[PDB]
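Position chains B, C, D, E and F with the ligands relative to chain A; hints supplied.
These are the residues of each chain, in order.
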Amino acid sequence: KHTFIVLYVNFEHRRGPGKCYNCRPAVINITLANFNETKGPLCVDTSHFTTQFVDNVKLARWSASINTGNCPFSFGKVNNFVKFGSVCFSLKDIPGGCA
Amino acid sequence: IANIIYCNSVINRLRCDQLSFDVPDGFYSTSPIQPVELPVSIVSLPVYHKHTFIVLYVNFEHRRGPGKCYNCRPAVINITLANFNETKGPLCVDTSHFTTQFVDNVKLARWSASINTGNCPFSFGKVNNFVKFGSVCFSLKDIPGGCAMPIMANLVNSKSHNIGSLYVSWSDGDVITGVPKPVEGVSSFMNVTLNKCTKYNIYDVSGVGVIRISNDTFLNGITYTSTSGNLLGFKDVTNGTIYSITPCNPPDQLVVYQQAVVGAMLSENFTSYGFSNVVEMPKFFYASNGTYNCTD
Amino acid sequence: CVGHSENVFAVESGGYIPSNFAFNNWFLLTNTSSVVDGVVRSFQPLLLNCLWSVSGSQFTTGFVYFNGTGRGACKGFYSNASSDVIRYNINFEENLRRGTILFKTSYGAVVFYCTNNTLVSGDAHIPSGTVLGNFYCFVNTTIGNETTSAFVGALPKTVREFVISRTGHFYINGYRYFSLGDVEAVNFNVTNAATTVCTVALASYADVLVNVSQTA
Amino acid sequence: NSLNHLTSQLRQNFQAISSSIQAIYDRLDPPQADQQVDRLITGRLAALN
Amino acid sequence: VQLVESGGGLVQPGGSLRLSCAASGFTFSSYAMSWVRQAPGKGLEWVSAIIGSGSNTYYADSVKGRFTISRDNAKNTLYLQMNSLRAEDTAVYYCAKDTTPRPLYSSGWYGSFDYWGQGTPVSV
Amino acid sequence: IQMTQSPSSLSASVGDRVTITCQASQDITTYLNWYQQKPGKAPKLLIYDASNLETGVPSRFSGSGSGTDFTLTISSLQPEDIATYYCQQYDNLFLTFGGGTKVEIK
Ligand SMILES: *[C@@H]1O[C@H](CO)[C@@H](O[C@@H]2O[C@H](CO)[C@@H](O[C@@H]3O[C@H](CO)[C@@H](O)[C@H](O)[C@@H]3O)[C@H](O)[C@H]2NC(C)=O)[C@H](O)[C@H]1NC(C)=O
Ligand SMILES: *[C@@H]1O[C@H](CO)[C@@H](O[C@@H]2O[C@H](CO)[C@@H](O[C@@H]3O[C@H](CO)[C@@H](O)[C@H](O)[C@@H]3O)[C@H](O)[C@H]2NC(C)=O)[C@H](O)[C@H]1NC(C)=O
Ligand SMILES: *[C@@H]1O[C@H](CO)[C@@H](O[C@@H]2O[C@H](CO)[C@@H](O)[C@H](O)[C@H]2NC(C)=O)[C@H](O)[C@H]1NC(C)=O
Ligand SMILES: *[C@@H]1O[C@H](CO)[C@@H](O[C@@H]2O[C@H](CO)[C@@H](O)[C@H](O)[C@H]2NC(C)=O)[C@H](O)[C@H]1NC(C)=O
Ligand SMILES: *[C@@H]1O[C@H](CO)[C@@H](O)[C@H](O)[C@H]1NC(C)=O
Ligand SMILES: *[C@@H]1O[C@H](CO)[C@@H](O)[C@H](O)[C@H]1NC(C)=O
Ligand SMILES: *[C@@H]1O[C@H](CO)[C@@H](O)[C@H](O)[C@H]1NC(C)=O
Ligand SMILES: *[C@@H]1O[C@H](CO)[C@@H](O)[C@H](O)[C@H]1NC(C)=O
Ligand SMILES: *[C@@H]1O[C@H](CO)[C@@H](O)[C@H](O)[C@H]1NC(C)=O
Ligand SMILES: *[C@@H]1O[C@H](CO)[C@@H](O)[C@H](O)[C@H]1NC(C)=O
Ligand SMILES: *[C@@H]1O[C@H](CO)[C@@H](O)[C@H](O)[C@H]1NC(C)=O
Ligand SMILES: *[C@@H]1O[C@H](CO)[C@@H](O)[C@H](O)[C@H]1NC(C)=O
Ligand SMILES: *[C@@H]1O[C@H](CO)[C@@H](O)[C@H](O)[C@H]1NC(C)=O
Ligand SMILES: *[C@@H]1O[C@H](CO)[C@@H](O)[C@H](O)[C@H]1NC(C)=O
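Protein sequences, first through last, are from chains A, B, C, D, E and F.
Take 297 as the starting number for the first sequence in the authors' numbering and just add one per residue.
Take 248 as the starting number for the second sequence in the authors' numbering and just add one per residue.
Take 32 as the starting number for the third sequence in the authors' numbering and just add one per residue.
Take 840 as the starting number for the fourth sequence in the authors' numbering and just add one per residue.
Residues 2 to 52, 52A, 53 to 82, 82A to 82C, 83 to 100, 100A to 100J, 101 to 111 (the authors' numbering) are what the fifth sequence spells out, left to right.
Take 2 as the starting number for the sixth sequence in the authors' numbering and just add one per residue.
Just chain A, with the same shape it has in the complex:
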């Protein structure tokens, strides 16, 4: 049984008087696919799963990425036959876990 954990990263530098680049962007539309958010963190309940990192960052000179943090694993390296007894993802904190 297969599950896709697809993270979407979309952001833009504020449309307005400031045609800035080196300063921070403004709108942070990140979406975790199936994340309805009123039914707890997205816990996978299928035998197999994989992760996808899709960005719709249309701005040139810009790029999107993820960092390992304190996790004993990486968002891109889980696809290397890493085993878990359970796994859940959430945009808000799932306290006790890794970021």
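Heads up, a few of these hints could be off.
[What the hints assert, rightly or not] When the alpha-carbon atoms are kept at most 20 Å apart in a straight line, the in silico EDC-like pairs for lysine to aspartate or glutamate are as follows:
| no. | chain 1 | residue 1 | chain 2 | residue 2 |
| --- | --- | --- | --- | --- |
| 1 | B | 379 | B | 341 |
| 2 | B | 354 | E | 101 |
| 3 | B | 354 | F | 81 |
| 4 | B | 406 | A | 308 |
| 5 | B | 406 | A | 341 |
| 6 | F | 107 | F | 70 |
| 7 | F | 39 | F | 28 |
| 8 | F | 39 | F | 92 |
| 9 | B | 297 | C | 154 |
Hints are computed from structural coordinates only; laboratory data are not their basis.
Relative to chain A, chains B, C, D, E and F with the ligands alone:
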């Protein structure tokens, strides 16, 4: 599979632990099996004793309406920590003694609420085992630099859910101590069993051993320890008697010859390991099926 | 103490105890657990500012402060600065359950007494889970125009030495039972004086290597 | 000297939570206390070596 | 899974009885339990209750002052210590097993029971 | 706290839509359960939360409600039913069953 040996007899047990089918002649160490039905003994100093209850309440509401689902997540979740208040500050204990109790007020059947250890050096329910703290504070809101305890809700043979957390700040010290409860008159100052292997917590040192009366008048202190740190004895700060503490299964030595156990040197004055004859030597007792009718 | 004029000796120049003194009723202060046999290194209150007797002195000392006010007629070397430890010595199998002990702090006087009759205490702290048919001790702090009470615990049949630190640490027979907070002075109101209290020593911490045998 | 060196190794925490094996199980749950006791086992086997 | 009871009979008013119950095939120490009775040709009414930890016990209004409840978590036993019978204790008893498993330290709710034993009748 | 079960006993044949109403004397709002009593047996579980079929029993039973009107009903009675039914609430520490009902041979 070529051959097997059941680890049931005394010789087979030694063969199993030595992990070889043939054992050379010699003297091998051995420890008797510990009794598992273990009484509890507690000795403590009577002190200034005020006591508080760190009560955590968990209950979550299941939406009664059109969708009559049961294997889903509830609609709402109130967690409470008794006299806690978000707008006055994190709650914690100033009294010497306290207890932690977890109340699972979930009303649904085939349901339960639980708490995990998280990243914290102690569990919520294990504080009742005479743990020391210098200052420990709980809060449903995050405490920076503290520890986080995940809260759970479990359907039987079904996917479990996380419904909250609990943040504890700890700085271990000797000012406050957790106890299981203020008991209804049963003393926590001197309640011990003698000559029976028991799990003890005597003046905040815990272990398993046997307590005896003594003959010493050691004037100084109330706890006496070995170089390793283990508890050798204690004094009751009342009459003043001294007691001694000894492990209930000290090591023995088995004499093995020709792939058979012919004797055993014992610490005490008994017929162990099935031998019918025991004699006393200058520094140990020795048990064997021998008759002392031998020359070589 | 008692006899010799050395059991109440003459401290040498610099504050050292003579190398021939038998340490009768001088306990090794411990904080968690006491040693039985061996050799140990510790910071112990054995550098004596000056040491006086009470038995046979006819002075009774009234009240003793840490800064030297209230000294007895102490013999040998005498230092003139502030100590941080006061040691009271007790006789053979003598006890302290026949009076009161007065501490004085900058926040008010603090009393320490012991009796199993409840009519002496009033506020009794309701010490549940204890044997009601025997003695326990209490503390009586004052806030000036105000006073509160509390239960402290138990003290044995026999006391042989009592030591108080400037930061309130309270030792009996070498073990620290209580912690009363910072104190300015102490005095031992118990009857049959000049026998119940043998010597009083003003002392400060110093690094020492100690022979201990049978916890003594 | 060798025996005194060996008996002194028993107070080592080995950066476990505590030096007493029983105290670890009095403080922690079994799935977490095993990862703490393992430090004492490895360290004390080094002391015997 | 197996459930069984023991200890039913006929006694005088005010006497005593050791009602017993045993279980096998599940974690005894973590489940709640409750003794429930049924007078002959009458309805069913709750008698007594006990959580997995055993910290507290709950009693019926008419049963109060007469019977008490306890277990032994070591070897899978469960009891009603019975005293002071009046006239109407004649019934059949059951050590009904509560559905929910609860953590060994928590005091939690209860009241829905899956499996019942063979039933044990008593009379006064 | 009590519950009245009425009617006390009714005889029915193979195929009928038998019904019992358990008046819980007050509103509990979901905490209830039902049991099956074939005569001479220990009570067995039938329904819990007034909704959930106990998987040890075939799915031909149902019940619902919101308030005190909580019911139990049979889709189409099968011949071996002939049993007594009891209801209970699990809201309160002081839980009280009902008087009972019956389906009987016909
Ligand atoms: C934030 O980003 C998310 C995606 O990361 C945006 O949602 C996606 O928006 C596109 C707009 O073309 C959706 O396409 C259409 O969506 C509907 C359903 O929403 C579908 O029926 C159409 O066939 C078509 O696919 C795309 O599907 C949608 N993603 C999802 C999962 O529905 C979102 O609009 C961005 N903005 C905000 C404010 O969230
Ligand atoms: C969330 O759960 C908490 C914990 O139960 C609920 O708070 C509790 O609400 C009850 C309401 O009856 C309070 O009990 C009452 O307390 C007063 C004294 O304060 C007493 O006179 C009454 O007889 C009754 O016992 C209880 O004290 C209170 N506890 C706390 C810690 O606040 C809360 O209402 C629940 N809320 C939601 C929205 O689900
Ligand atoms: C017992 O523990 C107390 C508290 O830690 C120690 O108190 C310190 O004592 C030294 C002198 O020995 C002072 O310089 C410190 O200021 C004290 N305060 C603190 C906070 O540690 C005491 O030394 C310990 N030992 C004994 C033998 O009582
Ligand atoms: C040493 O301690 C004594 C006793 O505390 C101090 O005596 C106080 O002296 C002041 C001087 O202004 C008097 O007003 C107080 O009444 C005295 N207090 C008590 C409690 O008797 C003395 O001053 C201290 N001296 C030093 C140098 O520290
Ligand atoms: C999630 O689902 C619930 C209905 O089940 C809905 O009310 C809520 O608005 C949804 N939220 C999001 C972020 O999709
Ligand atoms: C000692 O402990 C046991 C077990 O908790 C208890 O039954 C007994 O009553 C206690 N003894 C006293 C004297 O309180
Ligand atoms: C008890 O101790 C005393 C003092 O050390 C000693 O003389 C005596 O032999 C001891 N008694 C026994 C029976 O071991
Ligand atoms: C050992 O046991 C024997 C026989 O039971 C007894 O006679 C002997 O005195 C005991 N020896 C000791 C030292 O207890
Ligand atoms: C010792 O001899 C007795 C004689 O009856 C026998 O029962 C026992 O098993 C023998 N044990 C050994 C170890 O030889
Ligand atoms: C002792 O040993 C001898 C041989 O060494 C044997 O003949 C004899 O029967 C044995 N028993 C006695 C009681 O002498
Ligand atoms: C201590 O100072 C006082 C000041 O009056 C003096 O009388 C006393 O002799 C001094 N002692 C020493 C040793 O300096
Ligand atoms: C202690 O103070 C209380 C009132 O706080 C009083 O009842 C009691 O007599 C006092 N006792 C002593 C010894 O000071
Ligand atoms: C202390 O306790 C004993 C216990 O029997 C009691 O009789 C007595 O009145 C109390 N007071 C004194 C002063 O001993
Ligand atoms: C000191 O103690 C005695 C009793 O030993 C007492 O009468 C006296 O009043 C006390 N001193 C003061 C100043 O209260």
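Tested hints:
1. B:379 - B:341: holds (13 Å)
2. B:354 - E:101: holds (16 Å)
3. B:354 - F:81: Distance ~34 Å between residue 354 (chain B) and residue 81 (chain F) Cα, so the pair is violated.
4. B:406 - A:308: With Cα atoms ~38 Å apart, residue 406 (chain B) and residue 308 (chain A) exceed 20 Å; violated.
5. B:406 - A:341: holds (8 Å)
6. F:107 - F:70: Measuring from Cα to Cα gives roughly 28 Å; hence the hint is violated.
7. F:39 - F:28: Not OK: residue 39 (chain F) and residue 28 (chain F) at ~29 Å, beyond 20 Å, violated.
8. F:39 - F:92: violated (26 Å)
9. B:297 - C:154: holds (14 Å)
Comparing the model with each numbered hint stated earlier shows that hints 3, 4, 6, 7, 8 do not hold.
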